[PDB]
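**Q** The primary structure of each chain is shown beneath.
There are 2 protein chains.
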Amino acid sequence: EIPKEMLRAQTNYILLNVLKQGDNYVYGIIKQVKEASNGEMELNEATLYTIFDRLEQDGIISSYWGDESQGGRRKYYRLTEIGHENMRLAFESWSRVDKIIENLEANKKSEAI
Amino acid sequence: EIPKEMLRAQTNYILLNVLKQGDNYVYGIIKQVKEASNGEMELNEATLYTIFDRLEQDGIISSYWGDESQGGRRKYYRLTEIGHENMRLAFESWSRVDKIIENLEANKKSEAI
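Going line by line, the protein sequences match chains A and A'. A prime marks a further copy of an entry chain. Take the first sequence: its letters are residues 3 to 115, numbered as in the authors' numbering. Take the second sequence: its letters are residues 3 to 115, numbered as in the authors' numbering.
Check before you lean on any hint, since a few could be wrong.
[Stated by the list, open to error] Per label pair, the in silico range of CB-to-CB distance: (1) A':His86 / A:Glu7: 29 to 39 Å; (2) A':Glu37 / A:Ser97: 17 to 27 Å; (3) A':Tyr66 / A:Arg80: 46 to 56 Å; (4) A:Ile115 / A':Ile84: 28 to 38 Å; (5) A':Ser71 / A:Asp100: 34 to 44 Å.
Simulated from the structure, these hints should not be mistaken for laboratory data. Here a beta-carbon is modelled for each residue, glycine too, at the ideal position from N, C-alpha and C.
Only chain A is shown next, with the shape it has when bound in the complex:
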């Protein structure tokens, strides 16, 4: 199977990349994820809010109330500076990792000679 922790990591990554594209609210995020996935990934609100409560508590995203021109309150989320930085540190750390793995295949092969 795919371990829960890995799923969670995936969902995190995706959701942060939606915010990267712009401040958004629950139903916008879900729709965007559904379209970009062909409906193969349909987030719940429960899930999205459980994740965001965690990201917000750790200061990676922040929330704010939208215009009430609509006449009803809507909560928006954005990536924070720390947010942006972690996404950057993460991305780079992973590309080093992918290099290390190239090098393992390389070194293996090279000693087949």
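Assemble the complex: chain A is given as a structure, and chain A' must be docked to it using the hints.
**A** Frame of chain A; chain A' shown alone:
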């Protein structure tokens, strides 16, 4: 920073890719990781054994005693069938994820028109 959970995920991935290259023991694994990383990643044995105890408990790797031609016992580790499969499920799930993220950038851009 890079969250501990992400570091752990990285170290897992790397270690499993070493076993992928062949059955190995602690000091072989460490050396191989150190060479493929330029010494930028020097695993402890403590760490390696804490991780492997977990992987082995979850049936992703298995261990066995090496030849005692050496005259001393050495423990080897190998990836299991389940091991190989999880590495495959994982890898594929991540490439879907990377696609989803392409599609988010794509969809964003496309509606700038």
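**Q** Now look at each hint and say whether the structure bears it out.
**A** Each hint tested on the structure:
1. Separated by about 19 Å at the C-beta atoms, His86 of chain A' and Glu7 of chain A break the suggested range of 29 to 39 Å.
2. A C-beta distance of roughly 19 Å is found between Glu37 of chain A' and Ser97 of chain A, which places it inside the suggested range of 17 to 27 Å.
3. Judged by the Cβ atoms, the range 46 to 56 Å given for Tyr66 of chain A' and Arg80 of chain A holds: they are separated by roughly 52 Å.
4. At roughly 33 Å, the beta-carbon separation of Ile115 of chain A and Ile84 of chain A' lies within the given 28 to 38 Å, and the hint holds.
5. With their beta carbons about 37 Å apart, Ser71 of chain A' and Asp100 of chain A fall inside the hinted range of 34 to 44 Å.
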